[PDB]
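The chain below stands alone and is given in structure tokens; this is the form solved without the ligand.
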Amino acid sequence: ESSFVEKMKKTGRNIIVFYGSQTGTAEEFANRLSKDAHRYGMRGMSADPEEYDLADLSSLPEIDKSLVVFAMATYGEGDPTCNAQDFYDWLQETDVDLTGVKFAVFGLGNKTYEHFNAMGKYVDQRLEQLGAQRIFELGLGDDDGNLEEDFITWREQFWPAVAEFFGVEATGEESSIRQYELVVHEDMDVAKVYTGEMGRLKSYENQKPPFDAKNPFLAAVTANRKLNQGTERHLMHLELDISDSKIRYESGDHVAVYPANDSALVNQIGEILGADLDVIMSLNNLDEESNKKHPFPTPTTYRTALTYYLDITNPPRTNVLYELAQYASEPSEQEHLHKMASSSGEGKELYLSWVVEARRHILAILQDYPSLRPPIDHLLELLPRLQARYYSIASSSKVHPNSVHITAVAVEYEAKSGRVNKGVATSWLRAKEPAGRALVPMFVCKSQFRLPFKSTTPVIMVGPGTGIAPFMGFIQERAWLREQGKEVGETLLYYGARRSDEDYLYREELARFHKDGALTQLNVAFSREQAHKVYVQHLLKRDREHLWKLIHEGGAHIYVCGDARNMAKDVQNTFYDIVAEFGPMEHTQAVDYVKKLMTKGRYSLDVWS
């Protein structure tokens, strides 16, 4: 029954939709597709592949008229989402015969990235190779345009093709309107109420391994200090105690945390809607046959839902604004909301500008449209789930097996909406003061940002500002290896900053590593000081000769990390120029050479946006 197949049989499901999602876009699509099954007299369920063994696809043919659908997002360099990692690894190893398996894939991607929808394309071609039968063309959603309409366009052709394949047709029955109904609990034991846990009730208090996305380990914050000298920004370094969790990690991996929305913002929303946030309740699916019993962990209070389970800071979706329109008592306001939710060009234009680019959130919409008074229960099923935030672990498990370090800048800005916005996780992390204990629900997500297999292999690290994070772990580890008597190749760091007196992160630590010979070269650039701005790509260019040697003769591995995609672009272009000059070779040939390094695993990236 731990098999998704047996799980399906239990509830008479013939359609299962797996989601490879990291920020919830794919998950929601899977939820919608699963729900769609019903409009055709069939039954589906959405599912997190991480919770199952996809090799069980082999038993799916046991279910008559069964179909498996995949909504998969592609991340850094074509890599899968954290929750789809095991499925991806398995697909590459397996040679199982999937004859009799019917599938369809909808990929979530973005054309501006080099590996557009790589995950979607991989899963679709791989399943066919294994012998499964494609029932509908691969969908290629592009978030650089309008992912929603791509999904809608695919979906509208998908269902008729599936209904036809399985012999059914639309029922054309009631639309439903709302997906959940409100059930208040006048009296209820405190023991039955969720207080912020993600998986099993009281799983936060009764910490029991193994710990992962659905069972986060509450790590104690043992250190939380200010890294920068300035006052205009707040860069911080934190250390999370993972002792006794059995959680394993390596330099280059990521640590995800489930934050808590600002208590004051939660209060405001409750107040503007005139509701008692301390009311305990449950939202139950109107359709008793749906597998999605509740929108989030219930029973729980409105306060807890808004604080731990819901996204109340990002721009509300167009469908949310459409639904909200019916609650605006003022015509002009109702109409404005519809125009913003519409597909017209003016409508899209307005939404893009006034909602998205101005970074307005659910509270702002509520204040901006005072005639808008929706019941809080209906609002909660319209809001998206609060997502975990990922950070590059800045420590080496070889040196800190029981502690995971984080390096991050606190997010705070004046939005064009005229309000000040606060990053959800960084504001929450910033307030976590060591010593009861300040606990951070977290889990580790493996990455492929790994130090070379052989210690002798040279290492080149490029990263500006906070992008230095994973490299503190790398340097910690390389230094450790030297102490252990190993033969370690050169270790070079090309770091960029604004000012050495504003934000020159880890000065002391780097100086010590360099003095010990752990850090072969320490190259630092400051971009904000006089018209003459120096960036990391300039540091690389000034060191063209030595870098070419390490790359062409030394077999060095390259690593780039930072929050700016254009930074990675400029760094990459700089390496193209170095290869072109020292090969020597034509630019076009230099490009191929660098990309080859990437496919050969010698040029890794970790860009956060």
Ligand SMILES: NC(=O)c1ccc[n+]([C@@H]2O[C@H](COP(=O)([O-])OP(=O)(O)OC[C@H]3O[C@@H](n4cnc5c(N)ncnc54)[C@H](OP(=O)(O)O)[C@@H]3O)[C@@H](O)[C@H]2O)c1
Second form
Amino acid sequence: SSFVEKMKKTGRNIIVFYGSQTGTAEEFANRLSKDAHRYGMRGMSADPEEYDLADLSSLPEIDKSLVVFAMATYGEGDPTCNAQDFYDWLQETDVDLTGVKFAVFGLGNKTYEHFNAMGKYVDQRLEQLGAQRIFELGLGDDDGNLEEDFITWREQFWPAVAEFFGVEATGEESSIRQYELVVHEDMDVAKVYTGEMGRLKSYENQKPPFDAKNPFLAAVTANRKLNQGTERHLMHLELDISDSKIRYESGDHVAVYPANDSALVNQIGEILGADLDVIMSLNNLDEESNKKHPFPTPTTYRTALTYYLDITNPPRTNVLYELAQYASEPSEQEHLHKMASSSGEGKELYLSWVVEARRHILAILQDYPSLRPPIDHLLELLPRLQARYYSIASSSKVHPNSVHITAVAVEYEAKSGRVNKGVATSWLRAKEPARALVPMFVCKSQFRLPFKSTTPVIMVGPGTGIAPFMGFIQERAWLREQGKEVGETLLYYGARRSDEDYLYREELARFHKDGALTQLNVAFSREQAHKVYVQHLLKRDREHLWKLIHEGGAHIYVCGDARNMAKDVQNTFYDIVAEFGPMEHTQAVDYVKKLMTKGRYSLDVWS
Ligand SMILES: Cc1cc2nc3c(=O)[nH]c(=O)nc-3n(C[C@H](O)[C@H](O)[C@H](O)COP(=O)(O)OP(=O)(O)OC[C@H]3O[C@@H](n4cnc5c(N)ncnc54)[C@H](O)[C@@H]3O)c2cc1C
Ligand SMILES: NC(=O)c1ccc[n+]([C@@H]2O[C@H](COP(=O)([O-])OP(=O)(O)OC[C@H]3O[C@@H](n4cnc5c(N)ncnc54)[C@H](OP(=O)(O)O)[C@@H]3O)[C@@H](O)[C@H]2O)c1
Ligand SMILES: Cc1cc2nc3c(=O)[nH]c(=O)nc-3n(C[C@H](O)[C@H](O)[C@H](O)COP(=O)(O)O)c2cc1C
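I've shown you the form solved without the ligand. Could you give me the structure of the form solved in complex with the ligand?
Next comes the full complex, this chain leading.
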């Protein structure tokens, strides 16, 4: 259970941990692990949450050992979910890491405020604990071209590492295919994966504790339309976690593993002219690699495409390059290569015709008829299907055995020319209580209510971003009912039209009437020529809010989009503080930002 011991038992001298939430860092970690072999070394990629990083202290036992970290940065600079434990540990510990060699590559995006905060932290932190840095901190930027940044980093990285441990490029040929196909003639039905994420049968034989690798299948006890209109579809779900031993608090997130639209799976099978019901397995050509399979096997093709692979997002340039070899028509083959190019115009065609038009693997297979790749090679080229995160909309103080979700079904007309459907939400919208089971696990956040119940709370969450706040309110109403003394509880919510998508009208009225909700400020962006947003309302309450912040010591919470809405709200607060301090804008910014570091201004960013 010690990654170090895991390394010794398989001759690995290089370990690459991935701090990832949607797979990018995971895949970079996988590619770097594979790389080690091109230099006569051996590595493995691993999820830090499945291990204890304090074990780094033992890494020096393996000669010429290296630990690499591919870390993504999320909301307010916090780490991804699978890296929180490692991150918490790095802050607690003072372990001496002399003898440890590391390298960090961080995934980020310059348009957010805390650019690669997680990557900079691990790199800086590990040096203070005494470990030795052998290659510079890579700073990838998903705003420009992340893959490109990774490549130019990696190309200097291996040479420096090879120069450090005394080896050199083996000069191997390569293999193209990292896996080979093996079809099964019989197979015991209970020896074949049917969608589980980890241990075989782990879905049928629910056995705690339940986490990311061992999700708990909760039954859907409620699923109802929340919006009055029909322009869009907003839903409220309730999953029973009774007997799961799962604990949660208001502000936490619940992640679910969805299933792709079976009609989409079918079509891909037909277009490839394949038997989606063939039970098979994909094995790593290199029998020395730690990644034996691309996903759980054996399994049918149907299962893989349904529960294990991303078939709805835009195909990566690499996929287009590989697929290219399968276009029996020259002009289509040339177009596929151009979209994979590095040329400026070649990178544009891609950005425009694939990424922005939101074309998926099936659309590409239809738009390029001469393209007929064997399904097994296709499955190896596609990325793993990721879990979708939702802000728990209930309080464990009141619903200890039920996790509530507030979500908007995703469905739009892509510029590709067809209608795209969101995976998790479509799958969730079809679950009818009649037992509909959703695989899920909980992920803690730092979006918690004040430590002391007396501290006033100011919530700003337009649209479905109100979700976590229903939790906060339930809990505050409960605290009051327990004879506790609670500070003021204000909610600033917004919607399109009151008769269209106003959420939780009744529940919100009840809380207000009962005094659990002190003020209920609602803005409607489309019910008039003039658009009204939560920040206009905050501006109208400039006196009171400033009082609660400068005197009451209120806590502020904002939920939704960070770079725009959350940005306008922050600006609005800068203005309020500048007027009532009174102080210069410059000084108002330090004051609002001091609140954040001080822990009183929390942001839960969804995008
Ligand atoms: C910490 C966190 C908390 C979250 N909490 C919630 C929550 O409480 N409620 C909720 O509803 N969601 C929440 N989300 C968003 C949520 O995780 C899902 O991404 C969302 O529900 C859609 O998932 P899907 O699988 O249905 O869509 P997918 O199949 O994953 O597709 C989503 C993608 O489609 C694209 N897209 C969407 N609409 C359009 C359009 N009109 N035109 C072009 N492209 C488009 C975008 O690139 C988008 O990323 C949260 C995200 C994070 C990171
Ligand atoms: N970047 C953003 O600021 C932003 C805001 C809302 C939604 N979205 C996206 O759209 C999808 C629908 O989400 P939803 O249903 O929960 O939201 P929604 O239905 O659009 O509701 C959010 C509310 O915020 C308003 N709004 C828009 N830009 C804003 C800003 N900068 N500051 C404050 N309020 C703003 C909206 O008005 P109008 O729509 O009438 O302009 C609306 O009344 C989501 O998947 C999300 O990614 C993005
Ligand atoms: C909700 C959300 C919040 C993000 N917040 C930040 C951030 O604060 N700073 C940053 O540098 N990058 C931020 N990013 C960008 C990601 O770090 C980048 O897209 C990374 O590649 C994702 O990697 P993954 O697939 O391995 O999780 C954010 C992305 C999302 C989706």
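Shifts are known only where both forms have a C-alpha. Under this definition, the rigid core comprises the largest set of C-alpha atoms superposing within 1.5 Å between the forms. Residue numbers count along the first chain shown, from 1.
Comparing the two forms between the two forms on the rigid core, the single residue of 549, 565, 541, 32 with a CA shift of 2 Å or greater is 565. Core-based alignment between the two forms gives a C-alpha movement of 0.2 Å at residue 152. When the rigid core is fitted, residue 530 shows a C-alpha shift of 2.1 Å between the two forms.
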